[PDB]
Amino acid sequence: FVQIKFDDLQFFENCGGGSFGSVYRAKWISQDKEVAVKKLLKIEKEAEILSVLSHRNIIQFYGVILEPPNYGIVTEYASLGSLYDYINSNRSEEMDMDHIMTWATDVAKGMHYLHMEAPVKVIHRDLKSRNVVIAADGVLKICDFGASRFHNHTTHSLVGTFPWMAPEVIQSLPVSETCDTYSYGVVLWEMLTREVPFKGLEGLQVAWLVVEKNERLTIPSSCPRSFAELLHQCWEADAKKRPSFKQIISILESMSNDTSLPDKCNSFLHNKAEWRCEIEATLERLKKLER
């Protein structure tokens, strides 16, 4: 349990309003390192075992702040920001089939480690594109994987979470690991369409569309079948019909050994000026149904 001192830190920026669960961009002075700092109410003994998880697709624990009553967890800071901000910018014009497959695989391998390879089983329950960050070399790193057990303040408005939540999560029902599979499917759709999920709709309308009407994100017709099949499998209302992350990794492996997919996918990606209306027409229908 390496301890980082308050006096060894300079804070530059905060996400979440300084509340418990807020995350700071900061500088670890003695290490001359940029770091992220999450404020916690308290360090619970159970979550100390999170300090030993380590994987290249998971954000790396650096240490804890214990200066009572102030408590915090310090991690690496991924230089290129959140996946969500990258996707909804002009920076993501460069995404192609190979880019999507590498990043899909990054998140799958991170989640597989969390579910099956760490000293404890970890079910994220809040996986989303704001919770994946991009390291300097483009490696994706999952954040906030321990909040569902520990920091119940990073969990909790919640509007910007409902599009990523499995139906059983929205219903506060008991949860298996495939709730993360559902969230992953949404992240995959964001990489394929470069669209904000359910853009324009309020979170609670999304919650009702997803749980009651079995609504899902629109998959454009020209999206290659391999991606549509994986997405539909991840979005099954029945949690047990969803694939494990080992299965997703296997499926991504098959897809990358399909020599026809790169042409199919890359033609789909630079044809957004055509299928974008399909997304916009569903969004019209959903808010018209609301009215």
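Between two forms, the rigid core is defined as the largest C-alpha subset superposing within 1.5 Å. Numbering follows the first chain given and starts at 1. First, how it differs from the form deposited in another entry.
- When two forms of a protein are overlaid on their rigid core, residues whose CA moves 2 Å or more are considered shifted, and residue 15 is one of them between the two forms.
- Core-superposed comparison between the two forms: the Cα of residue 124 travels less than 2 Å.
- After superposition on the rigid core, the Cα atom of residue 151 is displaced by 2 Å or more between the two forms.
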Contents of the next structure:
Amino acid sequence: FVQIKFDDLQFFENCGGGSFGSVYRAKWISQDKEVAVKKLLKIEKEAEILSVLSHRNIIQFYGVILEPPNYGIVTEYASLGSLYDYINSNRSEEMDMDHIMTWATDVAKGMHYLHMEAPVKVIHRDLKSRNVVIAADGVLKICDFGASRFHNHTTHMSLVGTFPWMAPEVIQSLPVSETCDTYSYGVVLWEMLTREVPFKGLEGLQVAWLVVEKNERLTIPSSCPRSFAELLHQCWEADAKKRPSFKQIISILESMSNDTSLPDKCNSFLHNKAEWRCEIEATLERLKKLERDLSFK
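Complement to the form deposited in one PDB entry: the form deposited in another entry:
Only one chain is given; partner chains and other molecules are left out.
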């Protein structure tokens, strides 16, 4: 439980962009290291117990600020920014199959560590693309895996903007197993495949209702390779007990990379978004038309 002095940190821009949160890029002066600093109301003993987690695909704890009124958690800083910003920028057009396979595996291995390999079982419950960051060598690291433990509850305000990634049982505040994270991982994979914002522009509670009540799921383009479509469908099962573990997802991804025909099929699909983005936009339009109907009641 390394202690860092508030004065040993030269601050920089908040990392959140839209809905900034309380995370800043900073320089740890005495260690000559670039860091992230999450400002906190107070440090609790949960920060101490999670401070020993270490895995290449989770953000690395460095220390805590323990100087009232300045509290915070310090971690490494991933040079290449958030997964969400990458996907929703022109840079992601460079992605091919190999890139996706490696990044799908990165997140799966981080979640496997959190679920099965840490001294304490961590269920994220808020896995999403904005909670994954890209280090300088391209290794993805999961962030914010302790937040669902720090706060014991939710409100509509804190859920706004996150409904597309939430498993139905999480939306419902029903019993929760670790495979709620499998559902969210499916959305992140879909984001990488389609390079779109899931359910873009839709009322969060319409998304919740569509996913929870109607078994609605994100549109998978018809030309998406069957191996990806099938894995998405497995991740998105309404019944959490039918979703695969992350150990199973890892073995599935590994087998897909022995498939000699998949790279051409996937690369052709990935680079053909001008042709199939209309399938995703058609469903958005239909759900927007559905929203107009459900406004008149």
